[PDB]
Structures are given as structure tokens and as C-alpha cells.
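Part of the complex only, each chain left as placed.
Letters A and B name the chains as they come in the text, with residue numbers starting at 1 for each one.
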């Protein structure tokens, strides 16, 4: 089991999908979620990464941008540079394992000039 | 391990591919298999999730429709409302965990009016 096993729908990985607004997240499978982000966008992603309340007290995860992904038409696109993720105000790097308490704010930012998709993969949990 | 380690070919997740018939399933990796379905299609999927006789014992898996995926030319598509899976004549809701004894029939249906892709993720087994 992974924290997102009970999601009732998943989506294809790497396909940009943000129908209204500037950010949108969805699940890929039990352990991976992705947030599609327009240019110059920022948002909080707690509701998305958090396992259902009462289920966990701590989640371990890593994040990273997708070097290549696609637009709604099937065309290749590359993530903007300068994407960041802060956990409890601390800026966390892509590739580093971060211990999240389930409570603290996880902010995601895409200051860059093109669209980007960020992936969060939950590692071990409990 | 995972039950489908050993499949000899996998495919890109979320890409609609039904060359012959009204349904087709394939593997995505060791714990995940997807099944593409045309509008108003039904299919039995035991042989796909039935790993190989003797190794298998009992399988616990979840299934969920893909909210967005693509057609063979790369355009975004959304799964039709109304998909269902019955495991041994019992209706299983997306996201509910199901114990499968490996022998009962797993039916899959897409009574709706557009294509859909269903994902089956295997959580544990032995």
C-alpha cells in the first residue's frame, strides 16, 4: 500500500491538464501525484499530498520536475526552470528525501515562463 | 517482486490502443496493467491479471478509470461515466481494495458512449 490507493480516478502521467485556474493536481498511482502548473504560478498542495486524516503521522517524499511532458494535443513540452517546493517555509531541493509531518504547509512554485509539471513520489510511509 | 515482473513487453500508460476487438489489456510495469475499451464494450480480464499459475496465490488490487488519457494521435480524451468491474459477480467500486482468489471471473464493462481506460494496480500478494 501507498497513501493514494483510495483515489477514485487517476490520469495519464505527464499530460498537461488544468481546465480552470492556474494549478491542478491528480494521482498517477498509489505513490505518485503530479501538479500541472501554468507559467508564473504558485499554490499549496497539502490537500493533494496528504493521506486521509488519521491514516498517517508522517510521509517521506521526493519531488522533481518533468524534463519532457506534453500539451493537450500530444506535442512535447519541457518544464520551466526555477520550479521550487517549500515545506514549512524551508526550500527543499529536487532529489532530496524530505520528511513531512502531514500538517505543515507544502508550497509549490513555477516562477518560470512556460508550463511545468511536478511529480511527488511517496517513498516509505508509517 | 510484483506479479507482472516477467511480462515480456509493457506499453506507455494512458495511450489508447485496441487494434483488434473492443478491448485489449497490457502491462505498464510489475504491479500495473491497463485495459482499453471502446464505447459499449465488455471484457473478461482474468488472463491479464492472472499472473502465472502456481506462483500466484491471492491478489489484492484496486482499479480506477483514467480521468484523462489519449487517443492514438495524441489528443486528450476522458473516460466515460459508468465503467464497472465485477469480481466474481460482485460489483467493486473504484478505489475499494479487493481480495481476488485468482480463479473467479473479473468482468469489465464500459456501457457508456466513449472510450475509456481502466487501471489495475496490485498492492500485495503471497
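Observations on the model:
The criterion applied here is as follows: a contact is a pair of C-beta atoms (placed from the backbone, for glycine too) under 8 Å apart; a residue touches a chain by one contact, two chains touch by 3 or more.
Complete-complex copy count for the single protein sequence, taken from this structure file and not limited to the 2 chains in place, is 3.
We adopt the following convention: only the chains that are shown with their structure count from here on.
Distance between chain A and chain B, defined via averaged C-alpha coordinates, is recorded as 25 Å. The part of chain A that touches chain B in the complex is made up of residues 1, 5-13, 15, 17, 26, 29-30, 70, 72-75. On the chain B side of its complex with chain A, the touching residues are 13-15, 32, 62, 64-70, 73-76, 79, 93-97, 119, 121, 123-124.
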